[PDB]
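Asks: Chain by chain, the residues run as shown.
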Amino acid sequence: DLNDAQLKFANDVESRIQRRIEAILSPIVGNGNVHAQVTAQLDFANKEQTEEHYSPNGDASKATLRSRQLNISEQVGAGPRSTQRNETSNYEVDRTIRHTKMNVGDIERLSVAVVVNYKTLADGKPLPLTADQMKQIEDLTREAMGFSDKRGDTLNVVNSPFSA
Amino acid sequence: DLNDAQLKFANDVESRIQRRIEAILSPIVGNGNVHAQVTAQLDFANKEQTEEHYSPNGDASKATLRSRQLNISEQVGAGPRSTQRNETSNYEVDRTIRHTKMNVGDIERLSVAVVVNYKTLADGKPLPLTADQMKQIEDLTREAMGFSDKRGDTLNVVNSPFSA
Amino acid sequence: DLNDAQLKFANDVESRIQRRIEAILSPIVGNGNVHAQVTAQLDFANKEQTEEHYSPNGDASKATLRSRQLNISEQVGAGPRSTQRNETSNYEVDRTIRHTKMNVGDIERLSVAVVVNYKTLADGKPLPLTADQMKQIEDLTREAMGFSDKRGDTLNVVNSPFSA
Amino acid sequence: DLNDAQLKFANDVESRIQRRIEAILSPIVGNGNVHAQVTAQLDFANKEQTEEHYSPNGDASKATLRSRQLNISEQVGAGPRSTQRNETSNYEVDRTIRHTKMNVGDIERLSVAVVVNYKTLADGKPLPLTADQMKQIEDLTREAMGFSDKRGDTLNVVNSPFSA
Amino acid sequence: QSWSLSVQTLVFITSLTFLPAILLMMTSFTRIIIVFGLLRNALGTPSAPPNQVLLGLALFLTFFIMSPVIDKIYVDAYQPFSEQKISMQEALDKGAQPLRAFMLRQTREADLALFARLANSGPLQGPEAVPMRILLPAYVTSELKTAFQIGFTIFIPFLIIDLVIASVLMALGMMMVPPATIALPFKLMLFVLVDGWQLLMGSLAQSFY
Amino acid sequence: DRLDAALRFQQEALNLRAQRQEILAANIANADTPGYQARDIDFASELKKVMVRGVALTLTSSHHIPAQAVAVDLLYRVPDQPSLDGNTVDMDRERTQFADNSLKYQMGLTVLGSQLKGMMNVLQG
Amino acid sequence: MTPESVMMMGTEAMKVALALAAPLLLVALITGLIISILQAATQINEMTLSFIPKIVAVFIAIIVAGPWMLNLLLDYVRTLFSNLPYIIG
Amino acid sequence: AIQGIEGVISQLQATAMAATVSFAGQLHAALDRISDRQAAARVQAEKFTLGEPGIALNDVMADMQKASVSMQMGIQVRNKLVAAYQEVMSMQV
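Residue numbers (the authors' numbering), protein chains in the order written: chain 0, 229 to 305, 353 to 439; chain AA, 229 to 305, 353 to 439; chain AB, 229 to 305, 353 to 439; chain AC, 229 to 305, 353 to 439; chain G, 36 to 244; chain S, 3 to 55, 62 to 78, 82 to 136; chain A, 1 to 89; chain M, 3 to 21, 31 to 104.
Bound conformation, chain 0 alone:
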């Protein structure tokens, strides 16, 4: 029931990422000379979070006060000195409440496998690509897939001649 809807959601996301990669990889490598497939680890767990933050007021310069009683006594007779300080302070503090409801269906970790073809010249020899072109393909695929390191995304692009 709901599981099938989630699976179809994942399939559509993967297909659209695949198409976005293919769109940029087509003009330079050529139609059919590139194949990519995407798998997506998604987030279907309902989470609700409330965050409370208090600004520190331990420093007297940023401390906000409402009432303060400072009783000071010094009975000098060091000799028979007698110092007494009774201090009472009531503070008002900065407060920030944030309520967050995470979206259901977010992407947790995306791994993408891309395979490119060789280059057959007018003679027909399948000449492999170069390192610079491979790096360009890797960068383009990283851009298309929305590659990020916090998610833990992995990308692998290899070059091999396609079969007949």
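Hints are computed from structural coordinates only; laboratory data are not their basis.
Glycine included, C-beta positions come from ideal geometry on N, C-alpha and C.
Any given hint could turn out to be false.
Chain AC side only, calculated, beta carbon under 10 Å to chain S, not exhaustive [what the hints assert, rightly or not]:
1. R294
2. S295
3. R296
4. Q297
5. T358
6. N361
7. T363
8. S364
9. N365
10. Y366
11. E367
With a straight-line Cα cutoff of 35 Å, these simulated DSBU-like cross-link-like pairs (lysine-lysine) come out [as the list claims (entries may be wrong)]:
12. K275 (chain AA) to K275 (chain AC)
13. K425 (chain AB) to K410 (chain AA)
14. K376 (chain AA) to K236 (chain 0)
15. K50 (chain S) to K58 (chain M)
16. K400 (chain AB) to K394 (chain AC)
17. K129 (chain G) to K376 (chain AC)
18. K376 (chain 0) to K236 (chain AA)
19. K15 (chain A) to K222 (chain G)
20. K58 (chain M) to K120 (chain G)
21. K290 (chain AC) to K425 (chain AB)
22. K275 (chain AA) to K275 (chain AB)
23. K376 (chain AA) to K400 (chain AB)
24. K400 (chain AC) to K236 (chain AC)
25. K376 (chain AA) to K236 (chain AB)
26. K290 (chain AC) to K275 (chain AB)
27. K425 (chain AC) to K376 (chain AB)
28. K236 (chain 0) to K275 (chain AB)
Please build the complex by placing chains AA, AB, AC, G, S, A and M on the supplied structure of chain 0, with the hints as guidance.
Replies: Same frame as chain 0, but now just chains AA, AB, AC, G, S, A and M:
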């Protein structure tokens, strides 16, 4: 009843992972020269979790205060010294409540078995593949299956000539 | 009644594991040159669990406080010294409640018996397989069956010529 | 009434274990050259169990605290020393409640008797089997029956020529 | 947690004042006396048996009907109270449940739904979680409706007798003859020969079941 | 909690008067012990500080010991004359303070009793 | 206590009532009609000769059929009072 | 038990989300308050009789008098409520 629905859910997930692997393994190895099967250990246990986190306030620099009473007395007569400090502090602390309902049907551990064929040239000799090509197949299968180490995923790709 | 439904559930699970093993064992060993049967020890016991976890606060660095009263007195007359420290601390602790309802019908322990045939060449001599091929079959069967050591899974693959 | 249903349940379980054993023992020993019968000691006793577990907190490092009062007094006059320490601690402990309803109809102890035939060559002499083949049959039967040592399972496979 | 003795005595004596209210709105009494109030009308004699006789007969019938409920309350709740194994609060919580079940089984679902909606109560999971503030007036409403149903059905044979007697009187040309006085003795005949009182009380007792 | 709040001041003052009476009686008892210093409490300051302002164990179980959880600044009376035994108890001042404290304790009792009497007379009908 | 049930109850009650009146009413009507026919054939002007034989025939009908109607009506009342607990809704 | 912690996780998860007055409830609360005050006074008097050190006679008597005042207030409120109920239920509708 519900068990059959869960089993069909597992079968669909396994079939789609199999198809994703086959899709990338087809262009280079060739149609029929690759076979893969997927088994999935799934999560059909309803879990509900509430998490509460308090930011530490043991350091006076990050401690947020509402009221503070500091009575200090020093009756010097070390001699007949008499020091007395009565300190009362009321704090306000950061608080974060997270409520999480894990999705039913998540994947716990995925193990995938892939078998590839040999290479029969124009003569017909079944020449086995190379180490580099095997490593490329392993990487592509890891990408397609969404291989992860936290889950405990295992992958095995072997090369052997297919039977008639 | 319910027992028959559970038994049919076990039979379907065993049959699907058998078919998954056969699917990968077919292309290399050959159709009919492999037979496997699966038995499954399942879990039909309804379990409900609630887990409560408290983060330790014995270290003053990670201890979260709401109110703290520290009365300190030192009446020096070591001589007639008199030290007195009355400390009262109220803490707030991290709390995590997890409620888990285990699924009914999970697998506890899976043991699988697989038998393979010999190799009859063009002459017809039933040549037995090799150690490397046997290891490959064992690995493939382990992958297909979802072999795990926490469950206590056992696998046995033997090579013997099939009867007429 | 209910006893007959339980007996039929036992008969079906025994028959299916028998068929699973026969399925693997057939291809190598041959059709009819193997006979097996299974008896099952089952569990038709309704049991309900509630388990409570407390994490130990005797070590100050893992002890979670809510309130702590530590009154310390040292009146030095060893001489006329006077030490007094009044410590009151309130703890919060980890708690895990597990509620389990065991399934009715589980297997307690399975014992299986298997008998195999001799080998009649083209001449017709009933040549007995070998030790290695007997060990293979024992292992296959153990795998098929789901042999376990916690249950107390017993297996006996003997070789003898079948009667006409 | 237990209340003090003074508070317990105060609560007990205060709750002793609600005895007529409890009897009318919680027991069978409301259905019985009302039917009697109609039966004396059907017989044609508003005087009938005296009011006190009917009231006491209804009281005895009510006690006989609630004997199982009273026994269950005595066993489950009041017995630990006398044998010191329960408090007054817990006794009040526990003893009402059989009476709540008795009230619920004779409560029409429509009236209960009406009073829920009118109290804006949340989703009640099941009969067991119905508040008493919602069960009491709904039970009284269903009780009134059932009593009126029984009374109207009772009104039938005497209507038959009145119609037959009036038709006989008019078919003979005796138009100036009031048929009520003639038909009253025949109504008394009908109630005597069929054993009307015993049959009616048996029917009421069976109706509550 | 308004009945507690209305009667709080006089009840607390009465308790403080009882405590100070105990201290004065202890002063009178120790009138002849050498090296004893007469002590007393400032009534006003202590009363205001009480009006302006332990941790028992958690009996979560129904079968464990309730256990125990377990504050007036004693001011020294200034001596009138020196004595060789170092006893600063001047009996004239202590007797005057004893009579004064007993009298004010009785007055506090009278005032609190009048408040309770009026409150109970209001409810009587 | 649906409207269809209430009417099936009313129809049954009216059957019983009419089956109770018909033996008497039919005899009264027959007697009155016969007397008026005789009056028309004899040319008499008095509308009271049709009452006395009518009341006589009514009394004889009561004497003859009283047990039958009494038994039938008592059985109907017994059935109604026995079914009474089970018609409330 | 397991039921109780499920209930408590439910409580926390509603607290996270957030971040009909009944006369019977009020009467129960008032009775509980009167009983609690009476029980506290009785316990303190019992402890004082048993020679407990940290309890004074004046506090015991004052607490007993306060409990008596509270219970008298409860009695008077009950009397007024009963009079109102008996007046309302004596109507002729």
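Asks: It remains to establish, for every hint, whether it holds in the given structure.
Replies: Hint by hint, here is what the structure shows:
At its closest, the beta carbon of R294 (chain AC) sits 8 Å from a beta carbon of chain S; the interface hint therefore holds under the 10 Å criterion. Hint status for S295 (chain AC) relative to chain S: holds, with the closest Cβ pair at about 5 Å, below 10 Å. A hinted interface residue such as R296 (chain AC) counts as satisfied when its beta carbon comes closer than 10 Å to some beta carbon of chain S; here the least separation is about 8 Å, so the hint holds. Taking 10 Å as the C-beta cut-off, the interface hint given for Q297 (chain AC) holds, the closest approach to chain S being about 5 Å.
The interface hint given for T358 (chain AC) is violated, since its Cβ lies 17 Å from the closest Cβ of chain S, which is over the 10 Å cut-off. A cut of 10 Å between beta carbons decides the hint on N361 (chain AC): the least distance to chain S is about 6 Å, and the hint holds. This hint holds: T363 (chain AC) has a C-beta 5 Å from the nearest C-beta of chain S, less than the 10 Å allowed. A cut of 10 Å between beta carbons decides the hint on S364 (chain AC): the least distance to chain S is about 8 Å, and the hint holds.
With 10 Å as the threshold, the beta carbon of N365 (chain AC) comes within range of chain S, its nearest partner Cβ sitting at about 5 Å, so the hint holds. Annotation: interface hint on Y366 (chain AC) holds; nearest CB of chain S at approximately 8 Å, less than 10 Å. The restraint placing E367 (chain AC) at the interface with chain S holds, with a minimum CB-CB distance near 9 Å, inside the 10 Å limit. Simply put, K275 (chain AA) and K275 (chain AC) have alpha-carbon atoms about 25 Å apart, close enough for the 35 Å limit, and the pair holds.
This hinted pair checks out: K425 (chain AB) and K410 (chain AA) have alpha carbons roughly 29 Å apart, not beyond 35 Å. Taking the CA atoms of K376 (chain AA) and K236 (chain 0), the gap is near 21 Å; set against the 35 Å cutoff, the hint holds. For the proposed pair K50 (chain S) and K58 (chain M), the alpha carbon gap of about 29 Å is at most 35 Å, so the pair holds. Proximity of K400 (chain AB) to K394 (chain AC) is assessed by CA-CA distance (about 19 Å); at most 35 Å being required, the pair is judged to hold.
Among the hinted pairs, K129 (chain G) with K376 (chain AC) is consistent with the structure: their alpha-carbon atoms are about 29 Å apart, no more than 35 Å. For a cut-off of 35 Å, the pair hint linking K376 (chain 0) to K236 (chain AA) stands: about 31 Å separates their Cα positions. Restraint check for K15 (chain A) and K222 (chain G): the C-alpha separation of about 19 Å stays at or below 35 Å, so the hint holds. Between the alpha carbons of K58 (chain M) and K120 (chain G) the distance comes to roughly 25 Å, so the proposed pair stays at or under 35 Å and holds.
For the proposed pair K290 (chain AC) and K425 (chain AB), the alpha carbon gap of about 28 Å is at most 35 Å, so the pair holds. Distance check on the hinted pair: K275 (chain AA) and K275 (chain AB) sit about 12 Å apart at the alpha-carbon level, within 35 Å; holds. For the given pair, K376 (chain AA) sits about 62 Å from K400 (chain AB) by alpha-carbon distance, which is inconsistent with the 35 Å threshold. Distance check on the hinted pair: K400 (chain AC) and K236 (chain AC) sit about 42 Å apart at the alpha-carbon level, beyond 35 Å; violated.
Note on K376 (chain AA) and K236 (chain AB): the hinted pairing holds, with a Cα-Cα distance of about 31 Å set against a maximum of 35 Å. Note on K290 (chain AC) and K275 (chain AB): the hinted pairing holds, with a Cα-Cα distance of about 29 Å set against a maximum of 35 Å. At roughly 26 Å between alpha-carbon atoms, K425 (chain AC) and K376 (chain AB) fall within 35 Å of each other, so this suggested pair holds. Between the alpha carbons of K236 (chain 0) and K275 (chain AB) the distance comes to roughly 31 Å, so the proposed pair stays at or under 35 Å and holds.
Violation of the numbered hints given earlier is confined to hints 5, 23, 24; the remaining hints are satisfied by the structure.
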